[PDB]
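Asks: Chain residues, written in single-letter form:
Protein chains: 2
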Amino acid sequence: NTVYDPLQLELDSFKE
Amino acid sequence: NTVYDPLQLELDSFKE
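Line by line, the protein sequences are chains Y and C.
End of the first sequence sits at 16 in the working numbering; the numbers just go up one at a time, nothing left out.
End of the second sequence sits at 32 in the working numbering; the numbers just go up one at a time, nothing left out.
Read the hints as simulated data drawn from the structure, not as lab findings.
Some hints here could point you the wrong way.
In silico EDC-like pairs for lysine to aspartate or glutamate, Cα to Cα no more than 16 Å straight-line [claimed, not checked]: (1) 31(C) - 16(Y); (2) 31(C) - 5(Y); (3) 15(Y) - 28(C); (4) 15(Y) - 26(C); (5) 31(C) - 12(Y).
Some chain C residues flagged as far from chain Y (calculated, every beta-carbon gap over 12 Å) [what the hints assert, rightly or not]: (6) 18; (7) 19; (8) 24; (9) 30.
For every residue, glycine included, the Cβ atom is placed at its ideal position computed from N, Cα and C.
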């Protein structure tokens, strides 16, 4: 089951 | 009362 990292998901936003 | 999120603050320092 996918474990969601709340940080990597936010980081992509800054660098698209 | 403002709750301070560390990651969001630093997400700015690296941006600028």
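Asks: Are the Cα atoms of residue 31(C) and residue 12(Y) separated by 16 Å or less?
Replies: 13 Å, holds
Asks: Going by Cβ atoms, does residue 18(C) stay more than 12 Å from chain Y at every point?
Replies: 19 Å, holds
Asks: Just double-check residue 30(C) for me: nearest Cβ-Cβ distance to chain Y has to come out over 12 Å.
Replies: It is violated; residue 30(C) is separated from chain Y by about 8 Å at its closest Cβ, not greater than 12 Å.
Asks: Is residue 31(C) within 16 Å of residue 5(Y), Cα to Cα?
Replies: Not OK: residue 31(C) and residue 5(Y) at ~21 Å, beyond 16 Å, violated.
Asks: Checking one constraint from the list: CA of residue 31(C) to CA of residue 16(Y), max 16 Å. Satisfied?
Replies: Answer holds: residue 31(C) to residue 16(Y) is near 13 Å, not above 16 Å.
Asks: Holds or violated: residue 15(Y) and residue 28(C), Cα atoms, limit 16 Å.
Replies: 12 Å, holds
Asks: For residue 24(C), is the shortest beta carbon distance to chain Y beyond 12 Å?
Replies: 8 Å, violated
Asks: Find the nearest Cβ of chain Y to the Cβ of residue 19(C) and say whether that gap is larger than 12 Å.
Replies: 15 Å, holds
Asks: Within a Cα-Cα threshold of 16 Å, do residue 15(Y) and residue 26(C) meet the stated pairing?
Replies: Holds: residue 15(Y) and residue 26(C) sit about 15 Å apart, inside 16 Å.
In summary, the structure is inconsistent with hints 2, 8, 9 from the numbered list given earlier, while agreeing with the others.
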